[PDB]
Every structure is written in structure tokens, then in C-alpha cells.
Amino acid sequence: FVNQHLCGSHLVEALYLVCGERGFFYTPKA
Amino acid sequence: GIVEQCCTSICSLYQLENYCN
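Protein chains in written order, with the entry's author numbering: chain B, 1 to 30; chain A, 1 to 21.
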């Protein structure tokens, strides 16, 4: 689930599930 | 950034939460 290599949509999905109603920001180039 | 910490290397809940609002 969280403890692995998470890339692309897989990473975006993890942030969605973990952050919940708080939301999140995804910045590939930073 | 997040790709370096979670994609190229193994992710963690600690790091993921750094990106929640």
C-alpha cells in the first residue's frame, strides 16, 4: 500500500487515500 | 521532491503526509 515504490497514478492514489478530506498537492517537478 | 522520496525510492506514510494540505 504505502511502503513501496509509488509512481504516477499509483502515487496520486496513495495521497488521495492517506490525505482524505484534507486534500493534497502533487508536484512531480520540485 | 515526492517522486524522489516515493517513486525512485521507497515511500513512507511519514513522507506522504508532508504533502497533505
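These are computed hints drawn from the structure, not numbers from a lab. Idealized CB from N, CA, C, for every residue including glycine. Certain hints may be false.
Stated by the list, open to error - A few chain A residues that face chain B, going by a derived Cβ cut-off under 7 Å, partial list only:
| hint | residue |
| --- | --- |
| 1 | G1 |
| 2 | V3 |
| 3 | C11 |
| 4 | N21 |
Failing hints, ascending? As far as the earlier hints go, not one is violated by this structure.
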